[PDB]
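Okay, so here's just one chain, in structure tokens, the form deposited in one PDB entry.
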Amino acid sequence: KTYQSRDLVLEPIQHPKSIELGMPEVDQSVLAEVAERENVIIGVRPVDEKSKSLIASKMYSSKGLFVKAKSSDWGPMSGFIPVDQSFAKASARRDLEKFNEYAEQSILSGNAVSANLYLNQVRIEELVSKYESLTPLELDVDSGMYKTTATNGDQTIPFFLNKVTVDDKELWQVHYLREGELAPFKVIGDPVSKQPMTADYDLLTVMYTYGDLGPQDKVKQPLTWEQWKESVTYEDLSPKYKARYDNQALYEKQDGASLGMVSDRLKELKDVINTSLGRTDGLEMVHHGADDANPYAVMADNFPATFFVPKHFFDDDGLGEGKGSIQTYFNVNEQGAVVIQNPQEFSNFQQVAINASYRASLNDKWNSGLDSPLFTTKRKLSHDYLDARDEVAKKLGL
């Protein structure tokens, strides 16, 4: 019943809790299949529940490494990226000056535009009735718009929705008080389509099988278009990489600094995920490398995480003989997503996966704020490695 291996003891989950996730159920299903096909464990950082229908719609592009401004998780701008970061999630409000500069530079540099925020009736009804993120609408005297209120946890701010018709669609344009005067709300839009972008799917980590470890796992620093052209042989490049060698803008938008710290395996798996989601030509959800190689990682912002595992983990002794199944110890939803809620549970999850032959990539930044440094090379050693050393030291007399 209990998972026991050396000093690691896990009790079977008593009463299974249901965790509300922002990732659409259909994307969870795709990732559960990618995990099985590729024989990898894929972890994705949180996505706010209210972003669900925006991602499900498949109408929006999402933010990459050139849009560092945070998305909002409250108000009528929930799921979008406000130009005024005081309307973004708590982490952006904590460093308002830095995140406002991010928002402005992304637009001023051409990697984004300042767009107006339009919401449909379905979205308004969802924010009012489903998530209770917006208070019921009321016609405000003179203004002509529908007043609604929203809280960020500390203060309640009023918002006003004006009925408009864009592309012949009837929508509600979001307005707010800027110096006591009505002003159109601005969100960060895509530099090509001009449409508001949503949050991305940030890979937390990718655990590959030990038998698959090789030169493709070397995490490499981003190279400039010139540094990369000098390092490669043109004839050996596929049509995809030959196009990047022939077009600097194409390399800089799909490769180089835009990926961050990545390995060749991850660049490929990022393509597989994007292709399996049906998200290509500007609408990709995965834009860069995993949080395990992110030097600016914020551990507090990494949970709840959704992990996708190969199907054998779900079998009667998927974690090993007498070790049980992953669902016994971790919350697995209907789509096969293992929901990891905190760093301690992530540490336990990684140890089980390491014991089942899947390799972790540890970020020292994951230990920030922890009572103990769980994510270190020594603490995460494979129990097969530790057990064989105990056996060999005993046999050889060392």
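The term rigid core refers to the most C-alpha atoms you can superpose between the two forms while keeping them within 1.5 Å. Numbering follows the first chain given and starts at 1. First, how it differs from the form deposited in another entry.
- After superposition on the rigid core, the single residue among 277, 269, 297, 283 whose C-alpha moves by 2 Å or more between these two forms is 297.
- Core-superposed comparison between these two forms: CA of residue 320 displaced by less than 2 Å.
- With the core superposed, residue 87 shows a C-alpha displacement of at least 2 Å between these two forms.
- Once both forms are fitted on their core, the CA shift for residue 209 between these two forms remains under 2 Å.
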Contents of the next structure:
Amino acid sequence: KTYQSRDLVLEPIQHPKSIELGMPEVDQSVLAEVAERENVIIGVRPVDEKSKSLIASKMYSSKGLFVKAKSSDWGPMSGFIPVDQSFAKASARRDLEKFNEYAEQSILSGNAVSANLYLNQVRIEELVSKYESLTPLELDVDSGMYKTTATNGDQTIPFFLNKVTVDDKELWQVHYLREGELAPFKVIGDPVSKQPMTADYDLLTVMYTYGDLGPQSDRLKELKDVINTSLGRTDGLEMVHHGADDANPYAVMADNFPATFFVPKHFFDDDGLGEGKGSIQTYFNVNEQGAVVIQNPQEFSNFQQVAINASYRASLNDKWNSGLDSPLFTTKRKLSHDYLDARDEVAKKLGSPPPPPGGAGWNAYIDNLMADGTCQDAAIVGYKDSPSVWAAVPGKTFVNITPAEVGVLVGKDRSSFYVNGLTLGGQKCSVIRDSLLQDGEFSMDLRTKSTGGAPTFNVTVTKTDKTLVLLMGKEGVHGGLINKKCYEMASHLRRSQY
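Right, the form deposited in one PDB entry is done, so what does the form deposited in another entry look like?
Next comes a single chain, given without company.
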């Protein structure tokens, strides 16, 4: 079954394919459980596929704030941020002075340390055999280390790896030729744990239920602590960091997609997207671990609309760079469907007599009231002595008003008409406001009562010294407009002693 809500159409995924993600699957399951326990939607930016084993080792720290030095995508330092930025990706290598200064200033400001780089056996096997990023290790008998070169970046630079034991673990320390001499290779490390920084779990967005939106970022700080607590890494080796760096003037699909979203479990139920609307995994690619994989801006827009429709929203107190491109990303484009549908329903649901002054002709007064096209009926009724209709619109309701009906409108009792209304020309009406005894108003506002879906209309009655001025709006005409018109006519009549 196809999903449809207003202009949102989601076709069912026929034969879903597995999507490679950089975040270890063990951590995807942790985040899926956090989204359920905390009743929130969490989105995490892609983690580079090649950094998976570094994160899975749980040996390293992760990229904190105020680190503008670039990571490397080659050699034994792949996945790490080298202190010497000539070892970083191509963009840093062509801007050495700028990036070397960022690396040194991160250390000088206490936001990083210069750390040694140790790799585990899994990593040496990945770089040599899985990715073929390094040439096979060759023992250099004079140093006791293994020489290798990169198969990308600068292929003329030899690297030297040494078998070392660091806290009962058999690791490989990376060395290089610094000014022609063997030296330990340095990477940017966390200032508290002193461990090298890998990529972190950078939050793309967090969407909360209403019972978490408002004045009382504290909530996001609390959620980040729950995430790090559930990830269970050693203190100092956190994958999620408090705060966030600038939005940056950059783009590239690999930076924001494929994003991993984690949602409360009710989304996976057969009534996940509504009542008989289907499960979220029918329309979005969800893996075995509960990760909802968002691969492009159109899918991100569709997922965000589904979340907003389910009453999960990004907080006002939080700052996000949620967008990248623009397939309907503005506030007007992402309005909740409950808001738009209610607006549509409300718009639909809302729709012998004495001689008059200036000569003669009470019909002219009715013509005046009827001129602007807002009213369907109008009347001037004498209420003193024997009540009678002085003038009214022919073939409508007010023309048939009786003395008994006038008696109810002007009567001493101001509460019996609240039992079940009153009538005007036989038409049943409910009393909305009784200001008949309020100085400067002397009016009553009513609304007709009808059956099934037949339209109902607002009515105002204003009392002068000798008359009642009555007006009935057309369908959709607001009671305030009719009351104002009736008041103005009554004021004119009062000025002429009527």
